[PDB]
Amino acid sequence: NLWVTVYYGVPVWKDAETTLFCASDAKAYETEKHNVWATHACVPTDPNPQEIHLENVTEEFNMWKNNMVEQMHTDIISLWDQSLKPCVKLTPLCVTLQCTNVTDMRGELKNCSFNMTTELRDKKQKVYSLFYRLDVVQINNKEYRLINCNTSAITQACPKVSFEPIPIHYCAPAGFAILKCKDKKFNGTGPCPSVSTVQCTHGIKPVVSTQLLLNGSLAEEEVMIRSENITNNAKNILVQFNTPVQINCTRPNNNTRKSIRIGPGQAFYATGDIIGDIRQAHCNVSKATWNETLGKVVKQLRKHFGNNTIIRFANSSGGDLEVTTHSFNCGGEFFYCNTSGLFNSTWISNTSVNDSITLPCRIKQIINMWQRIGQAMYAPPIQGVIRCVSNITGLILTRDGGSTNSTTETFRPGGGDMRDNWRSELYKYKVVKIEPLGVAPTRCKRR
Amino acid sequence: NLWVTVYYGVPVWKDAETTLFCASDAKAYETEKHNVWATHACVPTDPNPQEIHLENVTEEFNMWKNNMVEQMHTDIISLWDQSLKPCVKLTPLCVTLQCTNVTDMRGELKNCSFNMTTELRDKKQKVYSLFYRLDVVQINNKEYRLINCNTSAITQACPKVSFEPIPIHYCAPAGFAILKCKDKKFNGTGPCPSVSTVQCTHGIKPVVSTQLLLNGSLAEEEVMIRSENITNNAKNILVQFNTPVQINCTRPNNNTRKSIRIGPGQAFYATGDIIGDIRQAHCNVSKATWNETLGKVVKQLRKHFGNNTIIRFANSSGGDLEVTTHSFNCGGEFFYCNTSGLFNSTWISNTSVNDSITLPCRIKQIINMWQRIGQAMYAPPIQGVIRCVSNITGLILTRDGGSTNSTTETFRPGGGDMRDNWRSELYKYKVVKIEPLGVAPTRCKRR
Amino acid sequence: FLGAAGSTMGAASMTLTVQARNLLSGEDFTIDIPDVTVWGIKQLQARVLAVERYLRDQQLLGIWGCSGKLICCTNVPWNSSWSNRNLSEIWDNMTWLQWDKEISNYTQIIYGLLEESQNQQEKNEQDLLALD
Amino acid sequence: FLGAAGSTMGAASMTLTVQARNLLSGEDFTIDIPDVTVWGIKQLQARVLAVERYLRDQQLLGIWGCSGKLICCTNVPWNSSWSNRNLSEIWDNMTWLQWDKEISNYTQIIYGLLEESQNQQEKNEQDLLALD
Amino acid sequence: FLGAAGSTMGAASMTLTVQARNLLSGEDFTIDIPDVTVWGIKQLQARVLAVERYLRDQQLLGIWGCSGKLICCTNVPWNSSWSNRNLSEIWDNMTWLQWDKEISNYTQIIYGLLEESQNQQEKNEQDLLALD
Ligand SMILES: *[C@@H]1O[C@H](CO)[C@@H](O[C@@H]2O[C@H](CO)[C@@H](O[C@@H]3O[C@H](CO[C@H]4O[C@H](CO[C@H]5O[C@H](CO)[C@@H](O)[C@H](O)[C@@H]5O)[C@@H](O)[C@H](O[C@H]5O[C@H](CO)[C@@H](O)[C@H](O)[C@@H]5O)[C@@H]4O)[C@@H](O)[C@H](O[C@H]4O[C@H](CO)[C@@H](O)[C@H](O)[C@@H]4O[C@H]4O[C@H](CO)[C@@H](O)[C@H](O)[C@@H]4O)[C@@H]3O)[C@H](O)[C@H]2NC(C)=O)[C@H](O)[C@H]1NC(C)=O
Ligand SMILES: *[C@@H]1O[C@H](CO)[C@@H](O[C@@H]2O[C@H](CO)[C@@H](O[C@@H]3O[C@H](CO[C@H]4O[C@H](CO[C@H]5O[C@H](CO)[C@@H](O)[C@H](O)[C@@H]5O)[C@@H](O)[C@H](O[C@H]5O[C@H](CO)[C@@H](O)[C@H](O)[C@@H]5O)[C@@H]4O)[C@@H](O)[C@H](O[C@H]4O[C@H](CO)[C@@H](O)[C@H](O)[C@@H]4O[C@H]4O[C@H](CO)[C@@H](O)[C@H](O)[C@@H]4O)[C@@H]3O)[C@H](O)[C@H]2NC(C)=O)[C@H](O)[C@H]1NC(C)=O
Ligand SMILES: *[C@@H]1O[C@H](CO)[C@@H](O[C@@H]2O[C@H](CO)[C@@H](O[C@@H]3O[C@H](CO[C@H]4O[C@H](CO)[C@@H](O)[C@H](O)[C@@H]4O)[C@@H](O)[C@H](O[C@H]4O[C@H](CO)[C@@H](O)[C@H](O)[C@@H]4O[C@H]4O[C@H](CO)[C@@H](O)[C@H](O)[C@@H]4O[C@H]4O[C@H](CO)[C@@H](O)[C@H](O)[C@@H]4O)[C@@H]3O)[C@H](O)[C@H]2NC(C)=O)[C@H](O)[C@H]1NC(C)=O
Ligand SMILES: *[C@@H]1O[C@H](CO)[C@@H](O[C@@H]2O[C@H](CO)[C@@H](O[C@@H]3O[C@H](CO[C@H]4O[C@H](CO)[C@@H](O)[C@H](O)[C@@H]4O)[C@@H](O)[C@H](O[C@H]4O[C@H](CO)[C@@H](O)[C@H](O)[C@@H]4O[C@H]4O[C@H](CO)[C@@H](O)[C@H](O)[C@@H]4O[C@H]4O[C@H](CO)[C@@H](O)[C@H](O)[C@@H]4O)[C@@H]3O)[C@H](O)[C@H]2NC(C)=O)[C@H](O)[C@H]1NC(C)=O
Ligand SMILES: *[C@@H]1O[C@H](CO)[C@@H](O[C@@H]2O[C@H](CO)[C@@H](O[C@@H]3O[C@H](CO)[C@@H](O)[C@H](O[C@H]4O[C@H](CO)[C@@H](O)[C@H](O)[C@@H]4O[C@H]4O[C@H](CO)[C@@H](O)[C@H](O)[C@@H]4O)[C@@H]3O)[C@H](O)[C@H]2NC(C)=O)[C@H](O)[C@H]1NC(C)=O
Ligand SMILES: *[C@@H]1O[C@H](CO)[C@@H](O[C@@H]2O[C@H](CO)[C@@H](O[C@@H]3O[C@H](CO)[C@@H](O)[C@H](O[C@H]4O[C@H](CO)[C@@H](O)[C@H](O)[C@@H]4O[C@H]4O[C@H](CO)[C@@H](O)[C@H](O)[C@@H]4O)[C@@H]3O)[C@H](O)[C@H]2NC(C)=O)[C@H](O)[C@H]1NC(C)=O
Ligand SMILES: *[C@@H]1O[C@H](CO)[C@@H](O[C@@H]2O[C@H](CO)[C@@H](O[C@@H]3O[C@H](CO)[C@@H](O)[C@H](O)[C@@H]3O)[C@H](O)[C@H]2NC(C)=O)[C@H](O)[C@H]1NC(C)=O
Ligand SMILES: *[C@@H]1O[C@H](CO)[C@@H](O[C@@H]2O[C@H](CO)[C@@H](O)[C@H](O)[C@H]2NC(C)=O)[C@H](O)[C@H]1NC(C)=O
Ligand SMILES: *[C@@H]1O[C@H](CO)[C@@H](O[C@@H]2O[C@H](CO)[C@@H](O)[C@H](O)[C@H]2NC(C)=O)[C@H](O)[C@H]1NC(C)=O
Ligand SMILES: *[C@@H]1O[C@H](CO)[C@@H](O[C@@H]2O[C@H](CO)[C@@H](O)[C@H](O)[C@H]2NC(C)=O)[C@H](O)[C@H]1NC(C)=O
Ligand SMILES: *[C@@H]1O[C@H](CO)[C@@H](O[C@@H]2O[C@H](CO)[C@@H](O)[C@H](O)[C@H]2NC(C)=O)[C@H](O)[C@H]1NC(C)=O
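Line by line, the protein sequences are chains C, C', D, D' and D''. A prime marks a further copy of an entry chain. Just so you know, the first sequence maps onto residues 33 to 135, 140 to 176, 187 to 399, 408 to 501 in the entry's author numbering. Just so you know, the second sequence maps onto residues 33 to 135, 140 to 176, 187 to 399, 408 to 501 in the entry's author numbering. Numbers given in the entry's author numbering equal positions in the third sequence, counted from 1, plus 521. Numbers given in the entry's author numbering equal positions in the fourth sequence, counted from 1, plus 521. Numbers given in the entry's author numbering equal positions in the fifth sequence, counted from 1, plus 521.
Hints may contain errors.
[To be verified] Below are the EDC-like pairs computed for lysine to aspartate or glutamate, each with C-alpha atoms no more than 20 Å apart in a straight line:
| hint | chain 1 | residue 1 | chain 2 | residue 2 |
| --- | --- | --- | --- | --- |
| 1 | D | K563 | C' | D158 |
| 2 | C | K117 | C' | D471 |
| 3 | C | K499 | D | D549 |
| 4 | C | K487 | D'' | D648 |
| 5 | C | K65 | D' | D556 |
| 6 | D' | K563 | D'' | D648 |
| 7 | D' | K563 | D | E573 |
| 8 | C' | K97 | C' | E463 |
| 9 | C | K226 | C | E83 |
| 10 | C | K499 | D | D553 |
| 11 | C | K46 | D' | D578 |
| 12 | C | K121 | C | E155 |
| 13 | D'' | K563 | D' | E573 |
| 14 | C' | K499 | D'' | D553 |
| 15 | D | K563 | D' | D578 |
The hints are simulated quantities; they were obtained by calculation from the structure and are not laboratory data.
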């Protein structure tokens, strides 16, 4: 009896992959400072983002199979090079460095004298600078060289731009949609009872860090434990905190900028003398707040590893500096902190057997992150003392392979892949394409 | 009774801003010479441009709020860098210059000997060149250097391309429209009785000049006086001439090109010896024609400053060379002329109390226009004597702040912003977007 | 081309097609033969937003009771509260620029009556009337 | 917006217009003012394939017996071999996601009946009936 | 696909749909995943002018008495001065390539009768007939 009929706009979608753009909230543009991070032409966010709750719907999510992460990872990388392209290349800095020990803490800073090319191509320039031990390597008085010269090339980041992370909403073009998991407790895998859709994801600050998730989103109720493959010790374990942990990272060296002239037209910013406290960079963590968090987290691991077992913490095993330390950016400078003091503990079933804690931090201006070869970025010196306060919202953890599986387990801070950092914010999101076209049988026919 | 009905294509537009493209008249492409100015891929102009007169319409125009100017200003700037990108960079020209006085007029030209890098990286090259005094600066026989080396970098313009201005029609994409004011007398502000619409603006030659509008469009009937804020002496006064003023600017030095080889693959064009008249560049203005124009213009200022008053003219007050002199390009070379001789006069109410006049001009090959830092362009030498004849279609004028407002007023040649130069041709044009969708009540209803 | 913008709405209905043509179309087929990284995006940014602005208008034409260009009618009754006027006071005595000026408050309201009250409720109504 | 995806097909016909709107349109008019060689292509690649995917759907709507959006009917008889069912078992007891799942085998077959059996044979039929 | 180009106009009406399909559509969805500054514009310049050439044809279809694809009819009378012929001499004895060859002079004239004499004067006529 019936007849086929074309319906346009039926609620049907399929899992797929597309190219997502950014959103800057249209305030970051007023923040100016000559293109801070991403935002230059970045899309103004809709003042009223739309979230539609889909009733009677259950969708299965996988955060580890999420494609939004891979795009974001490649975005930050592609974003990084484009910031370094118009800037000043430091290529003729590979000149021999004659260094000496600074006037305590085993001479971490080196005072280096070297020959340099002026605006004119005739006479050289005899000038001195100040580099950290991590930025230089001796070659055989004491003679040193740039640490990156044998490995790769080098370019200086522009002082105009800042590395300051600003909220970025990922949105989908016409024909696509983004699903949001509204459950309080979600490990990133399995069906989601309450699912809502949004045009743009929430505010996500692209904070690049290791061993500590900084400035992220807090969990709901109980703290969350996420891992791709849990029983497998080769896979990292992502943790999401409930209450934010106050962390202080400062540069207890009050510095000055030389702004030497290596023309024509180009000017390099050298590190002058340090006027102030003679100290190494340090990181503060409140003993009470970290412990309270640890006690709640250590109970969550026993929802898997069993109600009763011994869980011991220890600092990094070994590897590259990026893996073994906490790496991040504060005030333009790149800190590498020693987390060994926090991870020194041993816990009982429900308990573990002062007013402050500190963590020695090292500074490195010349960096190759993401295992990049051919391009090394020089972090320009900053006038005055840098102070910053951030939230610790999660960790990257690894489990030992030595077993003795039925006895006890030890966990250590992870590192390496930065995709895990983005999976922390993207676990509740995935991309699907909408299929509007549909057919249904009805009596209407036609004349 | 009636019912709503959708009308498509109703005559409704709103003032807005869009991205306008160019038009080259499809002849400039046959002019060839390897991408003269803008025209490379530039859009062929419709052989029959359309101008539709809108009856019973009155539209209010503001030339100072016009957005077409800002785009054109940024266009010429963006056009300039792209011409200099593929060309040869002059970076190792900062070598010390040993100069001496040329064999009259206080040694304006310097004969400079210097060391240079050959195709091979082994042996240098001892060669001499000829630079103007404005292109070099001594540093402490007489030793000099490039004037731009301490300020910025430098690159040479390709001899293939020419700076010769060619007619450029600005047009609007689909969905937009450009309004044209057809009145003979228009100061750029207020309602326009007769308004017509065009797809493309008229022929506009992007001639960059100071203190003199060159190769522009003539006014109708009486000469026009335009200013953003008139009583304000901080705002420049744009003037549009009726009859064109014959002006001659020549390079009374018959030169040769060295075409030295600074390989591999690159070749620089040095300025060889001058064979011919020993003279400084000069600018001719006919005493009769300038005066006649002045007498007509000075009467127009008294339509504002009052019927009876003393109007005195004087040369530039002071500032950058671009502001204090008449700056332009003729035959590829950049002339800077002394206009002090023309602006020396004192006028009575209707009158002022030889067969020719001349104006000393200076030549500068290395220039930074538009206050650009980081990029300096070197104007390549031209074989033979350059002669050019142009129209003077208007001026950029400023009024003194000293008052004594009720006594007398003095006017001096302006400069700086090049947007005023484009406002001269764009005063009668503005951009609006068309709104086709409309609703009207009618009886038709539907079945 | 816009010639009747100053004229009355009654006279503006005759030249309606001309505005529809030029506004709707790009047919220059000029440029884009030889590539440039710089300027070319600029001549792109203009025409790309143009076709985006174009399809935006076409959607309203489709989702409403039109499904065709130029003029089309609807079953939406004209509310008295919306520009209470004389019929000769609109087309004969008034102009489009003058007309859209007053409706500015009710414009968003009227739009709803076209997509919701009609093509959502009309097409469903049509389906029920085409079954028998 | 997709709210009835979990609901029955009968209830999913009411909010049909909302899905049509948002899916169909981009009207953000945000960005593209200042040029970038790098990222800009990325924000291009997404919306360019979007309008290509868009016109793809519109073609089927045109070449079939629709010629209009939302809902339209046809002369194609529903085959018994295609989801033999109860009428109340489809709209009232079944959901679209559940529905498209079964028709997956006959989907390409049905498409042929719309373009070939109808608008090729119907329009030619119309030409023969409009002559007299 | 063009198979009847050599055949008569009468036979060329059967495969008409095939030409409509392929010409109308791009659905490759191939490439554009990883960016290039150079070649990519070239694979852009082709498909961008393609959709511009596409909407150009669709406009004529809309502004005329068609409003739909494939075949549609009109109220424009066939002038004797335009290819005075026999009916069997056109479809049965003549081919499209041979046909468009002669009409080349009157092609621009006929186009005017469709947009001006009809949809400008027909829709206005329709408005006057729908009032009563
Ligand atoms: C995520 O991570 C998790 C962990 O972090 C990963 O889990 C790992 O998954 C792999 C599967 O790829 C497992 O390996 C497989 O183990 C099974 C089972 O082996 C156990 O049981 C055997 C039998 O047990 C019964 O019988 C005894 C006797 O009655 C009883 O007492 C018991 O109680 C049970 O009832 C037993 O024989 C096994 O012991 C042997 O193996 C272990 C482990 O190596 C040794 O320690 C022991 O000494 C002993 O040698 C074990 O206890 C095996 O059956 C699988 O073998 C298949 O695969 C081999 C390749 O790895 C292949 O060489 C074999 O031939 C065999 O293949 C056979 O079976 C296939 C399927 O039917 C056929 O197609 C094939 O042709 C052939 O016939 C395999 O070894 C890991 O154990 C598991 N990890 C842990 C810690 O347990 C997971 O993979 C990860 N996933 C992702 C997506 O990341
Ligand atoms: C384009 O360019 C033009 C010029 O090139 C610009 O024009 C300039 O516009 C500004 C406005 O922003 C003017 O300044 C304003 O002047 C008015 C008027 O001042 C005159 O008249 C006063 C009264 O005159 C009457 O009364 C006497 C006494 O009976 C009679 O004899 C007279 O004949 C009149 O009938 C008089 O008091 C003034 O004299 C004082 O000021 C002058 C100028 O500084 C001095 O020389 C004198 O010695 C004397 O001190 C003058 O003669 C003022 O009223 C304005 O003051 C307001 O703004 C001040 C900030 O600048 C602020 O501090 C004041 O408090 C005051 O604000 C008051 O009024 C506001 C509005 O009601 C209130 O909101 C506010 O709360 C407060 O109550 C102001 O000074 C310039 O004069 C004018 N230029 C010239 C050359 O005249 C134009 O702006 C440009 N535009 C653009 C878009 O580019
Ligand atoms: C995780 O999230 C947290 C929280 O969101 C992040 O912490 C953020 O860190 C940002 C720095 O990276 C910081 O930005 C700062 O904002 C401060 C406040 O700005 C507001 O107040 C001022 C008035 O003081 C307003 O004018 C302004 O509009 C704002 O409303 C600024 O004060 C900061 O500037 C100073 O610090 C930065 C480095 O942190 C320097 O580069 C900068 O130059 C400033 O330092 C000078 O000034 C201070 C005194 O203000 C001097 O003590 C110092 O020595 C410097 O003085 C010398 O140098 C300047 C030129 O540099 C020269 O003129 C002067 O004469 C001296 O020679 C900075 O702009 C965010 O505010 C902060 N968030 C919050 C909520 O506070 C954290 O980074 C995130 N984690 C990661 C990994 O990103
Ligand atoms: C404002 O508007 C006015 C008017 O529009 C602008 O004035 C314009 O200025 C242009 C120059 O910038 C000028 O272009 C010239 O056109 C001349 C005429 O071309 C026509 O005739 C020739 C035949 O002679 C045809 O073949 C041709 O197709 C055209 O139909 C050319 O003759 C000019 O070339 C010479 O001048 C330029 C500089 O002006 C040199 O670069 C060029 O090389 C030429 O100079 C050589 O030739 C002359 C003799 O012709 C010798 O005297 C001279 O020394 C040079 O000879 C040596 O150098 C050459 C290689 O350079 C070498 O082969 C030779 O052997 C020697 O070694 C030039 O092409 C416009 O015509 C002119 N407008 C009008 C209407 O005339 C004014 O610029 C505008 N203002 C601004 C600010 O832009
Ligand atoms: C990382 O750094 C951050 C920022 O420095 C640290 O967070 C700060 O922690 C401090 C101390 O833990 C805290 O300071 C107190 O804040 C109170 C308000 O919340 C203040 O009231 C209080 O001031 C009193 O004490 C000071 C020192 O004793 C006095 O100098 C001051 O004048 C105050 O005394 C007054 O009040 C008493 C009554 O209480 C009265 O009798 C007196 O007359 C007088 O009026 C402290 O300053 C900051 O508030 C914290 N900041 C934030 C943003 O939370 C964090 O602890 C650091 N983390 C680590 C690991 O080091
Ligand atoms: C900027 O430069 C331009 C270009 O040089 C100047 O404009 C030119 O100005 C000159 C003079 O003002 C003018 O030359 C005259 O043009 C006349 C035509 O318009 C010619 O007929 C005339 O030639 C006669 O005079 C010459 C010199 O006396 C003789 O050499 C020549 O042979 C001519 O004589 C003949 O004619 C007489 C009768 O009249 C006859 O008895 C003789 O037998 C013989 O046959 C001049 O050359 C140019 O025409 C102008 N050019 C243009 C394009 O307008 C401008 O003045 C300069 N500006 C400044 C400020 O310097
Ligand atoms: C590690 O976490 C434990 C909790 O598991 C913290 O123990 C806490 O110790 C403080 C004292 O230092 C307790 O405060 C006390 O409160 C009582 C009641 O008000 C009061 O009588 C005491 O005088 C004192 O102020 C606190 O209550 C207690 N925590 C709990 C949950 O009882 C411990 O402080 C943490 N580590 C550190 C750095 O101390
Ligand atoms: C780092 O070493 C340089 C020398 O290479 C120091 O600069 C000298 O400082 C002394 C002060 O004791 C002056 O007398 C010299 O004239 C300086 N020489 C030069 C070349 O600058 C510098 O002081 C050392 N680091 C600092 C600043 O403590
Ligand atoms: C990070 O912290 C740990 C723990 O304090 C440091 O370990 C010390 O290492 C030195 C040798 O370098 C030993 O002499 C100390 O005995 C160690 N301390 C303890 C408590 O065992 C470590 O050196 C710190 N930094 C680095 C870069 O390793
Ligand atoms: C500019 O100075 C150079 C020398 O630096 C002159 O070139 C010399 O000219 C004399 C002629 O009197 C020759 O004998 C020399 O052999 C030349 N030397 C070189 C290195 O070329 C040059 O003549 C001076 N300027 C001009 C050309 O007048
Ligand atoms: C531009 O022209 C004026 C006017 O002739 C020149 O002014 C002369 O300046 C010199 C000093 O450099 C004085 O000795 C003369 O007396 C001035 N002339 C007059 C008439 O007063 C001026 O020098 C010229 N050029 C520049 C660059 O200023």
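Cross-check of the supplied hints:
| no. | hint | in the structure |
| --- | --- | --- |
| 1 | D:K563 / C':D158 | violated (46 Å) |
| 2 | C:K117 / C':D471 | violated (30 Å) |
| 3 | C:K499 / D:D549 | violated (44 Å) |
| 4 | C:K487 / D'':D648 | violated (42 Å) |
| 5 | C:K65 / D':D556 | holds (18 Å) |
| 6 | D':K563 / D'':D648 | violated (48 Å) |
| 7 | D':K563 / D:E573 | holds (17 Å) |
| 8 | C':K97 / C':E463 | violated (28 Å) |
| 9 | C:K226 / C:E83 | holds (9 Å) |
| 10 | C:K499 / D:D553 | violated (48 Å) |
| 11 | C:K46 / D':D578 | holds (16 Å) |
| 12 | C:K121 / C:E155 | holds (15 Å) |
| 13 | D'':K563 / D':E573 | holds (17 Å) |
| 14 | C':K499 / D'':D553 | violated (48 Å) |
| 15 | D:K563 / D':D578 | violated (30 Å) |
When held up to the earlier numbered hints, the structure conflicts with 1, 2, 3, 4, 6, 8, 10, 14, 15 and fits the remainder.
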